[PDB]
Structures are given as C-alpha cells and as structure tokens.
Amino acid sequence: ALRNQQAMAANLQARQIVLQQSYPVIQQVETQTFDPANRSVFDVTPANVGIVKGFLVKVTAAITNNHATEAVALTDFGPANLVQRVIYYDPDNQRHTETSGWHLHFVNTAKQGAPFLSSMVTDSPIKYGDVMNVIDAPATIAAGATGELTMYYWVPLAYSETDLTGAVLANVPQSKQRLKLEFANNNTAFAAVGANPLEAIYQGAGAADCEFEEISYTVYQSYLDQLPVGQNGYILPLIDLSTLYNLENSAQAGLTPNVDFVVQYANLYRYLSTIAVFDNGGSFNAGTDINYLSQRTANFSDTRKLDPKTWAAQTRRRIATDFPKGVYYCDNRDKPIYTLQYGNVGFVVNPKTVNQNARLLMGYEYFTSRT
Amino acid sequence: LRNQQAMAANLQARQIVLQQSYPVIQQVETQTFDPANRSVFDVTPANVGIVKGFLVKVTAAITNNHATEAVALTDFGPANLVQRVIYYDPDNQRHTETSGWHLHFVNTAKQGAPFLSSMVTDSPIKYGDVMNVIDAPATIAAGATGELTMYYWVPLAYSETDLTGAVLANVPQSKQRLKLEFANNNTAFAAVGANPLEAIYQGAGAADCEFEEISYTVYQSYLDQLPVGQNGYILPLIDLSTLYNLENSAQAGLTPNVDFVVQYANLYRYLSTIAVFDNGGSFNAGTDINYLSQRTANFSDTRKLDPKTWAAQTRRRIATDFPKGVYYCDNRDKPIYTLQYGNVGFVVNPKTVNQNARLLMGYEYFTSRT
Amino acid sequence: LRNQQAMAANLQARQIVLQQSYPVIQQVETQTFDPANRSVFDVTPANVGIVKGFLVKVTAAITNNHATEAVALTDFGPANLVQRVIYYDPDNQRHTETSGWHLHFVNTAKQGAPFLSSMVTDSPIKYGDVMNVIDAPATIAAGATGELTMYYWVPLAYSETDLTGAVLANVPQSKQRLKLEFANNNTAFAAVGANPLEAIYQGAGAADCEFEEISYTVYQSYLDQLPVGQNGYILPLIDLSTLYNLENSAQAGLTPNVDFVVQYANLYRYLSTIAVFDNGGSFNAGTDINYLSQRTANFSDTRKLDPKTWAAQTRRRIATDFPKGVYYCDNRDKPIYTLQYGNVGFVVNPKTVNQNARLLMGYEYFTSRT
Amino acid sequence: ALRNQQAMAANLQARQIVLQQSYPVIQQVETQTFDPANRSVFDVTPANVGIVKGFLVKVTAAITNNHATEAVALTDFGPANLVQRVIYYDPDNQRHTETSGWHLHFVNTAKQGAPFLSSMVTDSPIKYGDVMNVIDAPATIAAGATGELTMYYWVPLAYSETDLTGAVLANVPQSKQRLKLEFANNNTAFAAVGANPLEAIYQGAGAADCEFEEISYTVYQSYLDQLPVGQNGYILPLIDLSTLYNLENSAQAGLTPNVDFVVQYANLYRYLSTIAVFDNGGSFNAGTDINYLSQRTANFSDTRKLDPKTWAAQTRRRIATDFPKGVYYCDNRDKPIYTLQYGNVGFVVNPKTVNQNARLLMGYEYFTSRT
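Chains as they are written, first to last, in PDB author numbering: chain F, 14 to 384; chain D, 15 to 384; chain G, 15 to 384; chain I, 14 to 384.
These aren't lab readings, by the way, just hints derived from the structure by calculation. Yeah, the Cβ is synthetic: ideal placement off N, Cα and C, and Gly gets one too. Errors might be hidden in some of the hints.
As the list claims (entries may be wrong) - 25 Å max Cα-Cα, derived PhoX-like pairs, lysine-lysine:
| no. | chain 1 | residue 1 | chain 2 | residue 2 |
| --- | --- | --- | --- | --- |
| 1 | D | 124 | F | 348 |
| 2 | G | 124 | G | 322 |
| 3 | F | 338 | F | 365 |
| 4 | D | 318 | D | 124 |
| 5 | D | 193 | I | 71 |
| 6 | F | 71 | D | 140 |
| 7 | F | 365 | D | 365 |
| 8 | F | 124 | D | 124 |
| 9 | D | 193 | G | 338 |
| 10 | F | 124 | F | 71 |
| 11 | F | 193 | F | 71 |
| 12 | D | 348 | D | 322 |
| 13 | I | 338 | I | 365 |
| 14 | I | 348 | I | 124 |
| 15 | G | 124 | I | 124 |
| 16 | D | 338 | D | 124 |
| 17 | I | 124 | I | 71 |
| 18 | G | 322 | I | 71 |
| 19 | G | 140 | I | 365 |
| 20 | D | 322 | D | 124 |
| 21 | G | 318 | G | 365 |
| 22 | G | 124 | G | 348 |
| 23 | G | 140 | I | 71 |
| 24 | G | 348 | G | 318 |
| 25 | G | 140 | I | 338 |
| 26 | G | 140 | I | 124 |
| 27 | F | 124 | F | 338 |
| 28 | G | 348 | G | 365 |
| 29 | I | 124 | D | 338 |
| 30 | G | 140 | D | 193 |
| 31 | D | 140 | F | 124 |
| 32 | I | 348 | G | 124 |
| 33 | G | 124 | G | 338 |
| 34 | I | 338 | I | 124 |
| 35 | D | 348 | F | 140 |
| 36 | D | 140 | F | 338 |
| 37 | D | 348 | D | 365 |
Stated by the list, open to error - Away from chain G, derived, C-beta distances all over 12 Å, residues of chain I:
| no. | residue |
| --- | --- |
| 38 | 62 |
| 39 | 88 |
| 40 | 327 |
Please work from the sequences and hints to get the whole structure.
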C-alpha cells in the first residue's frame with residue numbers, strides 16, 4: 014500500500030542528505046589526441062569513486078580543406094557532429110545512454126534553457142562576449158585553409174545537479190564503467206553538394222578534398238565524494254540509484270503527404286522529452302513541409318496539435334530561440350509520457366511534402382527502472 | 015480570520031488540480047479575411063474544464079501599392095496587428111479589456127524577455143531565427159508585399175502554476191466571448207508626420223499601403239480531467255473567484271516641470287504598470303522626462319527615479335529596454351493596493367510637452383469577483 | 015384556469031428582471047464589403063443574459079458611373095439597403111423572417127413616427143438634422159458618389175418594458191444566427207419603367223450605378239446581471255416561451271371591383287398588418303383602391319374604409335402617411351386571433367388592376383413556442 | 014430594516030394626497046427691463062407660498078448691428094445664451110441648481126421630449142404654426158438692423174408635475190428664497206469670426222459693432238396652494254421635500270487623439286442625465302471628431318460604447334431630433350448613475366481629432382440628499 018509512499022519519502026531524504034553532506038568534484042579522467050583516419054572509436058574508463066553524475070567531454074579538431082578552388086560551409090549541426098555516437102555502461106554493465114552526438118547536444122541545450130554553453134550577444138560596452146571560444150567552428154573553410162573547432166557534450170547519468178535520479182554508485186573495485194565515444198572521420202564529416210548533411214560537419218563543393226588533421230578529447234568526470242554514513246552504512250537514495258536516465262534515438266520511415274505519421278511511444282518508459290528531426294530526403298526545412306505536429310493518446314485525442322510556427326513558439330519559451338531547420342522539440346518533463354497511465358500515446362507529424370528517402374529521426378530522453 | 019483556512023485550502027486544491035488534471039492546447043477557430051470588409055470578430059471558446067488562456071496567432075500580407083515611396087515599421091510594428099481585445103466569461107463578467115500593444119508588452123514582462131523572441135548567441139550550431147515566430151519586414155518598398163506574423167497570449171490564469179484568474183467553463187452552457195479587433199487600412203499605416211502609436215508601418219508611401227489579407231488562429235489552453243473528491247470537484251475557490259485582468263486608459267493635461275499624477279483605484283491589486291508618453295506623436299528615449307515615480311499621499315515617493323535609472327530597473331526584468339517612450343513598473347511581489355481611491359499614484363514629471371501630449375496607461379491587476 | 019396564476023407570476027418575474035438587471039448595448043460585429051463579391055452574412059450574437067434585440071447600422075457609398083443620366087431615390091430608398099433578415103434562436107427556432115422595408119415600417123409604427131427621424135420645428139436653437147442618422151441623397155447625378163446611412167432594429171422582445179419574445183441566451187453554448195441579406199448591384203438600381211419596389215435608386219442612369227462598398231455594424235441589446243432567487247433565476251416564463259415575430263408574404267389574383275381577401279392564419283395573435291399594393295410596378299396614393307377592410311366570416315367588416323379614411327387612422331399612429339401604396343393596420347390592443355384558419359381576413363377591393371399586380375403583406379404577431 | 018420601505022410608502026402617499034388636494038398656481042413674481050451695459054445680474058425674490066415647483070422665466074431682447082457693412086448670424090445655441098447663468102437658493106440658503114442657460118435649456122428640451130416650447134411643422138392647411146413666437150430669434154441681423162428675440166427657461170425645483178422630488182416648502186415668513194439670473198451683455202453675446210461661439214448669441218464679421226438695446230425678463234413662480242392638512246398638520250412628502258433635484262455643469266480638459274478621456278461621476282449623487290459638449294477649441298463638429306462615446310464602470314466594462322451616429326440615434330428616440338453640433342446627451346432617468354451601487358462610473362469620449370484648447374463641458378441633472 015503506502016509502502017512506496019514511504020519509499021519515495023526515504024529516497025528524497027537520502028538524496029537531500031547526500032547533496033548536503035558530500036562535496037562535488039569534477040576531475041579529468043583521460044585525454045587523447047589522434048587522427049581519425051587512424052582510429053575513431055575510443056573506450057574511456059571512468060574512475061570508480063562515489064556517486065557519478067555525468068561526464069563533460071571537451072572535443073577539439075583541426076580540419077583542412079585542400080580542394081583546389083572550392084570552399085565548404087558548416088551544416089546546420091556543424092560541430093555537434095564531431096562525436097557521432099556515445100554509449101555508457103555502468104559497473105554492472107547495464108547500458109544507460111546510447112545516442113548520437115547531435116541528439117545529446119540538443120538535450121544539453123534543452124536542459125540549459127538556451128544553446129548549450131553559448132555566449133549571448135548584448136549591448137554591453139564591457140568586453141564580455143565570445144572570449145574563450147568554448148563551442149566554436151568557422152562558418153566556412155576556404156580552399157587551402159585549416160579551421161579549428163571546439164565542442165562540448167555533457168553525458169548525463171544523474172538527471173540534474175539536484176535530482177540524482179539516474180546517478181551511478183561506483184565504489185566497487187574491479188568492476189569498471191565504460192564510456193564509448195565514436196568520433197567523426199573524413200567519411201562522416203564532409204558532405205558533397207546535394208548529399209545528405211545530417212551527420213556531417215561541413216558541406217560544399219570542396220568536400221571531397223577535406224580532411225581532419227587531428228581530433229582531441231578530454232573527459233572530465235563529475236561525481237560526489239565523501240558520501241554521508243549513518244546507521245546502516247552509506248545514506249543513499251535507493252530509488253535514484255536504481256533508475257536509469259537515458260537518451261536514445263531511432264529512425265522511422267513511411268511518410269506520405271497529408272497523412273498522419275504516428276510514432277508510438279515504446280511503453281513503460283517515462284518519456285521526459287522528444288525530439289523529431291524531419292530529414293526530408295536530405296532536405297531540412299523550416300516547417301514549410303509540415304501541416305502540423307502533435308502528441309496523441311489512444312482516443313485520437315490530441316493534447317497539442319499545432320501548426321509548425323505555433324509548435325516552434327512553445328520551443329522558443331523553452332530554449333529562447335529555435336532549434337535548427339527540421340528539428341522539433343517537445344517538453345514533457347513535469348508530466349512524462351507514460352503509457353499504462355493513459356493508453357498508448359504517439360508523436361505525430363502530418364507532412365505537407367515528402368521527398369524520396371524521407372524519415373523522422375526520433376530522440377528520446379526517459380527514465381526507466383533498472384534490472 | 016478564517017482566511018488562513020480559506021487560503022490554505024485554496025492552495026491545496028490548486029496543487030491537486032495541477033497534479034491531477036492534464037493540460038491541453040487546442041485550436042478553436044481560424045479565419046482569413048480582408049480588413050476592407052471587416053476587422054472585428056467575436057470568437058467563441060470551448061466550454062471545457064478550467065480555461066487558462068488563449069494563444070492568438072495572427073498573420074498578414076501588406077502590399078505597398080505606392081508608385082515610388084516605401085514605409086518602415088513603427089516602434090510597435092506587428093504588435094499593432096490586433097488593436098484591442100476583450101474577454102467575457104460565462105457569467106458575463108469581463109476580464110481583460112486592453113490594446114494589442116499593451117497585451118504584448120505584458121506578455122514580454124511575464125516572459126522576462128521580448129515575447130517569443132529568438133536570442134542571438136555565438137553558437138556555431140544553427141539555432142537562431144529559423145521559424146520566424148514573431149516577424150515583420152523592417153521596410154516594405156514601393157510595389158512590394160510583406161508577410162508578418164504576430165502572437166499574443168490572452169491570460170485568464172496568472173501563470174502555468176498560479177491559477178488565480180482562471181475560468182471554470184465545464185460549468186453552464188453560457189458562452190464565453192473573446193472579442194478581437196484587428197488593424198485595418200485606416201489604422202495600420204501612418205503618413206510621415208502623423209502619430210505612429212497605433213500603426214504598423216509609417217512612411218511616404220503609407221497612403222497607398224493596404225492589407226492583402228489577415229488570418230488568425232486562436233488556440234485555447236485549459237486543464238481537463240479535473241480531480242473529483244467527496245463533495246465533488248476539488249477546486250481552488252479563491253483562484254476561480256478572482257479576476258486577473260489587463261486594462262488600459264489615457265490621461266492628458268501634462269505641463270513642463272509639473273508632477274503629472276495618475277491615481278490608482280482602490281480594490282484592485284496592481285501587479286504592473288506601463289506608461290507610454292505619447293508626446294504629441296513623438297516618442298523619445300527619456301529625454302522629454304525629468305523623472306517618474308510611484309507616490310503615496312502623505313508619505314512621498316517610493317521610487318522617484320531619473321529615466322535611465324528607471325530603465326535600469328526594467329532591464330533587470332526583461333533583459334532589454336521597452337521601445338522609446340514606453341515605461342514599465344513591476345509591483346508583483348507587493349501589489350499597489352490603496353483601500354482608499356488614489357492613496358497611491360503613478361507620477362511623470364515631463365521636461366518637454368508637445369501639443370496633444372498624453373500618457374497611455376496599461377495595468378495588470380487582481381480583484382475579487384465580489 | 016391556473017392561467018391567472020401563471021400570468022400573475024410571469025408579470026411579477028418580468029418586473030423583477032427589469033428592476034434588477036442592467037441594460038447593455040454592445041457592438042458584436044462590423045464588416046465592410048463589396049456587393050459584387052458577397053451580400054449575404056450570418057452574424058453570430060453573443061450568448062449572454064436575456065437578448066432584447068439588435069440595432070443594425072448600415073452605411074453605403076453608391077457611384078453613378080453613367081455618362082450623363084442621374085438617378086433618384088425610390089419611395090423606400092435606404093430602407094432597401096437590407097433586402098431580408100432572419101433570426102434563429104439557440105433552440106434553432108426562427109423568430110423574424112421578413113424584408114428590410116417591412117422591418118423598417120414596423121420600426122416606424124412602434125416609434126409612433128418615421129424611425130429615428132429628425133422632426134422639423136421653428137426652434138431658433140440649432141437642433142435639426144445634425145447627425146444624419148438615417149440619410150440618403152435625393153438624387154445621385156451622373157459621375158457622382160452618394161453616401162447613405164440606414165438603421166434597423168430587429169426585435170426579439172416586444173419593447174423595452176414588455177419582454178414577450180425576448181430570448182434567454184446565457185443558456186446553452188448553441189449559437190444564435192442573425193442572417194442579413196444586403197442590397198447588391200442587381201437589386202439596388204431600377205431602370206426607368208422597371209418596378210422600383212426593392213430598389214434604392216431609379217432613373218435613366220441606373221444601369222451604370224454600382225456600390226463602391228457597404229458596411230454594417232450590429233449592436234446587441236440585452237439584460238445582464240439577471241436576478242436570482244430560491245429556485246434560481248427569476249424569469250418571466252411566458253415572455254420567454256412566446257415568439258414575437260415579423261413575417262412577410264405575397265398574394266396575387268386581384269380583379270377590379272372584387273374583394274381580394276388575404277386570410278390570417280390561426281394560432282397567431284396578429285398585432286399589426288401592412289399591405290403594399292404593388293400595382294404592376296406602380297405605387298399610387300389610394301387612387302387605385304375602392305376600400306380596405308378587416309373582415310370576419312359571417313360577421314362582416316369591422317373597419318371597411320375608403321383609402322383616405324384608412325390613412326387618417328394611420329396618421330394617428332405615426333403622425334404622417336406611409337409611402338405611396340403602403341397601408342397600415344394597428345390591432346395591438348385586440349390582436350387578430352382566429353382560432354380557426356381564415357375566420358378573419360384582410361381585404362382590399364381594387365379600383366384599377368395593372369398587369370402583375372400583387373399585395374405584399376407584412377405581419378407582426380405573437381405565438382407560443384408550443 | 015423595512016423602516017425606509019415604510020418611509021418610501023408614506024412619502025408617495027403624502028405626495029399623492031398633496032397633488033390631489035392642493036391646486037396648482039402660476040403667478041408673476043417680477044418683471045424688469047434694462048440695458049445689460051448698465052446691469053446684467055439680478056437677484057429675484059420668489060414669494061414664500063406653499064410648495065414651490067419651479068420658475069418659468071420669459072426673456073426678451075432687442076439687438077442692433079451697427080456695423081457699416083457686415084452681418085452676424087445665430088450661433089448654434091443662439092437665444093439659449095440670453096441667460097449666462099442661473100442659481101437658486103432655498104429658504105435655508107441651500108443651493109439647488111447652478112448652471113448655464115444653455116445647459117438648463119437642453120435639459121428643458123430633454124424633459125419635454127422635443128425642442129423646448131418649439132412649434133412643429135406639419136402639412137395642416139389650418140393656420141397653426143409659429144403664430145406667437147414663444148422662443149424666437151432672427152437667423153441673421155444685417156448691418157444696420159435691429160432684431161427681436163424671445164426665450165423661455167424653466168428652472169426646476171420639483172422633478173416634474175407629478176413627481177415632487179426636489180420641490181421646496183416655502184411657508185416660513187422672514188426666510189426668503191433667491192433666484193439669481195446672470196444675463197448676457199455685449200461682451201458675451203457677440204463673437205467675432207474665428208472666436209469661440211460657445212457662450213455667444215450671434216457671430217459674424219459685424220460682431221464688434223453689435224449692441225443690446227435692452228433685455229426684459231418676467232419670472233413666473235409655479236407652486237401648489239391650499240396644502241392638505243391632517244392629523245399632525247400638513248400632509249407632506251418628507252423625502253420629496255428633503256431631496257435636492259439640481260443641474261450643474263463643469264469643464265474638463267486633457268483630451269488627446271485616440272485615447273479614452275474619462276470624466277468620473279462625482280459619487281453619491283444619483284445622476285439622471287449627462288450632457289457632454291465637445292468644444293474642440295472653438296469648433297463644434299457633428300461627431301466627425303469623435304471615435305466613440307460611452308459610460309463605463311469600474312471593470313472597464315462599457316454599458317453603451319457607441320460610434321457617434323448610433324449615440325445620436327438613441328438621442329433621436331428621446332427628443333425627436335439631434336442636439337446642436339458637438340452636444341451629446343445621455344438618459345439615465347430610470348436607472349440613475351449612482352456610484353456605491355456599482356463602483357466608480359465614468360462618462361467616456363475617445364476623440365479622433367483634438368484642436369488646441371479642446372475641452373468637454375459637462376452638464377449633469379441629479380438627485381442628492383439635503384443637509
């Protein structure tokens with residue numbers, strides 16, 4: 014009965030005590046510089062200490078355009094595509110997040126409430142601004158030039174700094190975690206004119222002759238040390254630590270003009286957010302190829318059937334700007350989509366135009382029970 | 015004072031409603047028309063659950079048919095696509111009755127930044143003004159047609175978490191009335207030298223500008239699946255018996271270097287005040303004002319400030335300045351509440367006063383249905 | 015006969031409502047259009063309180079594009095700016111369904127003088143036709159543009175003090191429908207020799223006349239803040255369950271010196287009758303009629319009168335004569351009520367009958383919703 | 014509790030008895046002929062007899078235009094401006110009406126339901142018509158000519174012939190009433206071209222050389238004699254006789270284009286009618302300088318927000334014609350404006366055009382308690 018109500022209360026209290034008694038630490042775990050032509054997949058081994066909240070991954074790169082005459086220009090995702098995929102496994106080898114660099118980046122932005130680690134432009138005469146180039150990439154790389162890029166990703170375990178749901182307790186020696194990073198290479202980073210720019214960093218007539226010179230990464234692990242001890246050992250939020258907070262993405266196809274394309278939510282998960290990217294056969298449009306988007310439950314009842322601009326309006330309230338062309342976001346944080354609470358639910362897109370090889374790339378943020 | 019009990023209960027009921035019901039935003043009406051034929055519409059909301067507000071989307075195409083002269087956006091621009099709004103609840107009681115520009119400025123004050131705007135940053139990832147949510151061409155050249163988009167949020171409930179002012183509409187069949195008066199060919203275009211206050215574009219080609227058409231879509235935001243208890247629906251009675259309204263007014267009689275005082279009425283709890291100094295058609299960036307203040311009779315000013323310092327307080331609220339001649343005052347944490355008519359007034363001591371000068375006031379307030 | 019009790023209660027409730035509620039007249043819709051594109055509109059009234067009626071303001075600009083010929087007002091003139099009106103209440107029941115000219119003549123009969131007219135007097139103080147409330151140029155010369163203004167009152171309630179026929183609209187969300195069909199380029203202008211009955215102007219330049227545009231504004235008159243009692247709303251149940259309607263019809267088959275009888279239906283309590291003798295497009299001042307009367311089968315005529323004496327009775331009601339060929343009959347104090355279809359008829363014995371002659375009838379009546 | 018309900022009933026009964034038992038009388042009180050160049054203010058002393066209902070004031074005048082060549086023409090108010098102001102004080106020296114001749118005249122018209130004491134034009138062949146020139150003034154007075162004018166004003170104490178609210182009981186010897194009449198003179202009666210015609214009788218290029226030759230007035234007092242006596246002395250409607258029925262006017266400035274100009278009702282009074290004159294800097298327009306007029310209560314809720322022609326339509330139903338240019342009327346007789354019954358109320362004018370020195374001249378008709 015009220016056995017869980019007491020469980021919930023115990024969890025929250027334990028969380029509050031851990032946060033007040035422990036001290037946060039962020040420390041470098043590993044750094045490596047390489048040429049992706051040699052190797053692009055790396056398995057980083059996080060340190061086993063206290064409760065792990067997440068990882069901040071710094072990525073830098075140098076790209077050279079050796080085309081004789083043509084330039085290349087940033088794609089809509091640009092440096093967010095420096096990391097193609099990220100996968101994390103905890104000490105019990107349970108997989109948490111497994112998604113694309115672009116999806117992880119869009120969630121980082123959604124959680125910040127503004128473009129992740131960006132520098133806002135203001136009229137201040139004091140010289141604040143893009144001083145440190147935290148996330149940066151040249152808009153174009155001309156024939157014969159070399160550009161430098163910097164990108165950051167936050168790989169979460171814990172939901173936030175104050176909500177430890179999804180965090181990982183790593184104090185078991187001989188049982189390691191694994192943070193796998195799959196980086197871009199010359200094949201994924203450069204798209205020829207007319208090719209699909211989805212996974213690319215630069216696109217243009219000089220693409221065939223573009224090459225990475227090097228990529229470097231530094232992984233910083235954020236955790237809580239000096240865990241509080243009481244009468245039974247460590248005071249720990251048991252629900253928080255046995256819940257997985259994950260990001261995952263998938264691709265759905267089968268769109269036809271003026272027909273509702275419905276992507277069912279894969280039940281049992283508590284979906285906090287949904288990102289839908291309309292890759293219209295390599296074309297990414299600013300809503301003009303869509304009639305409306307919606308979230309619908311078993312009853313054909315729509316809770317937010319909106320035209321594209323109005324849908325975008327809701328997103329502007331969340332991140333203070335629009336996501337790139339063809340990228341749509343839906344916040345369900347306060348009331349997560351959870352089938353079994355109200356029948357099957359689906360994310361809906363009714364397309365106005367559908368090109369060949371059209372598809373919806375879905376990105377989800379969700380909570381689910383461990384084991 | 016059984017009030018503590020009433021408030022305690024109200025707040026608990028509000029939380030149960032927010033926790034148990036489910037939010038819905040739904041289109042209730044769309045229409046396209048030519049301002050030459052009509053510009054006043056009465057939208058009928060759906061009578062379902064607890065209504066929180068209405069999101070009104072307005073799009074328009076404006077053609078500059080002048081032979082050689084262009085026109086440029088006024089300071090309010092697309093915010094003048096809707097001239098006025100009035101809302102009547104199922105009990106025939108009015109809530110908001112104000113201008114489109116005042117409604118828009120409050121939307122901005124409540125968001126803490128220009129309403130539904132896209133902030134500019136150094137991000138290399140292509141975030142930005144991708145969807146043109148609120149948009150209008152800076153100028154429309156002779157012979158050109160410009161496309162505009164504007165959004166307004168007409169609030170009933172104070173916010174997503176504070177249901178004060180919300181309307182219970184699952185109630186009687188009696189209809190709600192959301193009245194909208196749109197800009198027309200007579201209000202949208204101002205000739206050079208004319209007052210641009212209510213206009214969208216001003217310039218030498220104004221006389222030959224016209225609307226090709228205007229379209230609006232109203233979305234209703236409400237809470238459905240209301241929680242039921244012993245006695246029935248669990249409802250925040252104080253929230254639902256309180257009105258959260260925006261209203262505007264105009265005052266004249268300004269004289270150089272003399273305090274011009276606009277009295278606040280009693281009974282109303284004023285959350286914010288906006289004062290626009292329409293200096294005979296000229297809108298200046300504080301240079302025509304000595305100071306502004308809020309004053310209580312026999313207790314002097316609580317914030318007598320020079321225009322720039324007054325603007326500094328506003329920058330802390332919306333992260334920028336409101337347009338020229340528009341002044342904002344936040345009293346949300348401690349609402350102006352006189353108890354005696356005029357115990358408190360809004361003050362403007364003008365430096366220069368042109369012919370036909372006046373202050374256009376805008377208010378946000380709470381008041382009991384009584 | 016528990017009727018005495020019902021009527022006694024109804025009347026008491028009516029008085030409480032009039033005493034306790036507050037009258038409101040409010041704009042519900044305005045629109046400007048070109049008759050070349052459309053001329054039929056369905057206005058949606060607000061569903062609030064007890065609705066008494068609608069004041070419809072119509073303005074129009076008419077251009078005579080003829081090269082050299084003018085046109086002049088017909089006898090009905092601006093009263094033909096609205097060709098027809100139909101009202102449906104929230105329960106899908108129709109009330110008034112009649113022509114604009116008949117509606118206007120009833121507006122006049124109820125006022126006791128030409129509707130919204132300005133009476134001429136010797137006063138040296140400058141009262142007079144200052145505001146041109148109902149107005150139209152006597153002629154519009156070739157190449158000229160004339161401006162017209164017309165007002166119509168569409169009644170639901172019988173009067174400001176008698177709520178019989180009024181509509182309770184705070185009720186269901188179900189919408190009211192006020193349908194208006196305006197004059198157009200095909201009905202407003204009559205060529206010389208053509209029937210001017212439904213036209214606004216007639217003359218040699220008619221073929222080249224056209225509307226520059228027409229605009230209308232509908233104002234809704236209702237009672238708000240309805241009084242509540244033990245069982246709830248204190249309401250005059252008889253008043254609200256009775257229909258007060260105006261309706262028109264056409265009858266033909268007239269023959270010189272023979273009684274032409276238009277039977278009244280049963281069930282309806284006819285308050286007034288208007289008969290227009292459209293003598294094949296000619297409208298005469300009684301010279302084509304021997305007499306008019308109202309007759310009951312097997313009880314002869316109750317008022318068989320020569321045309322001038324019939325007109326004399328009308329002069330006592332509206333202080334002047336209705337236009338040529340228009341005849342009025344007041345039966346307000348003792349409404350025509352047959353109980354058997356045709357027990358009573360309206361009679362016209364014509365002196366001269368032209369080709370295509372007919373009587374256009376107009377009625378004001380009360381009838382139960384049954 | 015129902016102490017007033019019984020008071021109201023007692024009052025009405027007393028009123029009914031007084032009306033049925035007493036006999037109405039109208040008798041001359043005073044007549045005087047003078048040149049306003051000598052004196053223009055007169056304090057008339059009404060006779061103290063029975064219940065006084067009001068005064069009918071007959072005013073005649075002769076005006077000469079001695080300009081060498083130019084004429085003058087009647088202003089919109091014309092002879093209504095023969096009396097500039099009227100003030101009445103009762104035996105206790107309590108002031109009742111205090112207003113302008115033009116406002117008093119407009120109320121006389123509103124109460125009659127047609128231009129006060131006018132002769133209606135009809136097709137009658139019998140010679141009815143303007144036979145007696147009860148209220149009359151030549152449309153123009155040519156250079157070298159003399160015109161004759163006649164004007165009548167009814168100064169009310171009682172509301173009407175059947176409603177004695179506001180009447181005055183004057184049966185106290187040694188305590189007199191005062192009816193002060195302030196007449197026009199050469200300065201107020203003639204306006205030059207371009208000057209404000211508000212208070213003037215004639216305006217034109219010959220104005221500077223116009224002069225009154227004389228003005229004459231005759232005041233008739235209307236009262237009820239032979240007051241009914243019962244068991245307690247005179248049977249008198251106590252509420253009627255302790256209520257003041259007054260007319261007053263004032264000027265309000267501060268108008269600006271397209272902004273609502275609100276004139277608040279000065280609470281506690283029961284306002285029966287309101288007259289608003291838009292003196293637009295000396296220009297009087299037929300509604301073209303106004304967007305709308307209205308009466309609004311604390312709630313920004315308008316009970317009759319109307320465009321000028323529709324507002325005029327309501328007035329045509331009341332007086333069978335329009336008031337002069339720029340004069341607007343509002344009837345609240347059956348439901349008097351009374352703050353404390355429904356919050357503050359205001360009369361509203363939203364001007365389309367505002368000239369220099371624009372202002373609203375407000376005229377009120379109201380009931381208020383004595384003492």
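Verification of the supplied hints:
1. D/124 / F/348: holds (23 Å)
2. G/124 / G/322: Distance of about 22 Å is within 25 Å: holds.
3. F/338 / F/365: Roughly 16 Å separates the two Cα atoms, so the pair holds.
4. D/318 / D/124: holds (24 Å)
5. D/193 / I/71: violated (53 Å)
6. F/71 / D/140: Holds, because 20 Å separates the two Cα atoms, which is no more than 25 Å.
7. F/365 / D/365: With Cα atoms ~57 Å apart, residue 365 of chain F and residue 365 of chain D exceed 25 Å; violated.
8. F/124 / D/124: holds (21 Å)
9. D/193 / G/338: Roughly 44 Å between the alpha carbons, so the hint for residue 193 of chain D and residue 338 of chain G is violated.
10. F/124 / F/71: The given pair, whose Cα atoms are some 18 Å apart, holds under the 25 Å limit.
11. F/193 / F/71: holds (14 Å)
12. D/348 / D/322: holds (23 Å)
13. I/338 / I/365: Judged against 25 Å, a Cα distance of about 16 Å means the pair holds.
14. I/348 / I/124: Holds - the C-alpha atoms of residue 124 of chain I and residue 348 of chain I are around 16 Å apart, at most 25 Å.
15. G/124 / I/124: Status holds; Cα separation ~21 Å.
16. D/338 / D/124: At roughly 20 Å apart (the allowed maximum being 25 Å), residue 124 of chain D and residue 338 of chain D satisfy the hint.
17. I/124 / I/71: Judged against 25 Å, a Cα distance of about 18 Å means the pair holds.
18. G/322 / I/71: Distance of about 42 Å is beyond 25 Å: violated.
19. G/140 / I/365: Holds, at about 24 Å.
20. D/322 / D/124: Holds. Residue 322 of chain D to residue 124 of chain D sits at ~22 Å (cutoff 25 Å).
21. G/318 / G/365: OK: residue 318 of chain G and residue 365 of chain G at ~15 Å, within 25 Å.
22. G/124 / G/348: Judged against 25 Å, a Cα distance of about 16 Å means the pair holds.
23. G/140 / I/71: Roughly 20 Å separates the two Cα atoms, so the pair holds.
24. G/348 / G/318: Status holds; Cα separation ~17 Å.
25. G/140 / I/338: holds (8 Å)
26. G/140 / I/124: With a Cα-Cα distance of about 18 Å, the restraint between residue 140 of chain G and residue 124 of chain I holds, given a limit of 25 Å.
27. F/124 / F/338: With a Cα-Cα distance of about 20 Å, the restraint between residue 124 of chain F and residue 338 of chain F holds, given a limit of 25 Å.
28. G/348 / G/365: Given pair residue 348 of chain G, residue 365 of chain G is violated - Cα atoms ~30 Å apart, limit 25 Å.
29. I/124 / D/338: violated (51 Å)
30. G/140 / D/193: violated (39 Å)
31. D/140 / F/124: holds (18 Å)
32. I/348 / G/124: Given pair residue 348 of chain I, residue 124 of chain G holds - Cα atoms ~23 Å apart, limit 25 Å.
33. G/124 / G/338: holds (20 Å)
34. I/338 / I/124: holds (20 Å)
35. D/348 / F/140: violated (36 Å)
36. D/140 / F/338: Distance of about 8 Å is within 25 Å: holds.
37. D/348 / D/365: Given that 25 Å is the threshold and the Cα spacing comes to 30 Å, the pair is violated.
38. 62: Fine: 33 Å to the nearest Cβ keeps residue 62 of chain I off the interface.
39. 88: With a cut-off of 12 Å, residue 88 of chain I comes too close to chain G, as the shortest Cβ separation is near 8 Å.
40. 327: At about 8 Å from chain G, residue 327 of chain I fails to clear the 12 Å cut-off, so the statement is violated.
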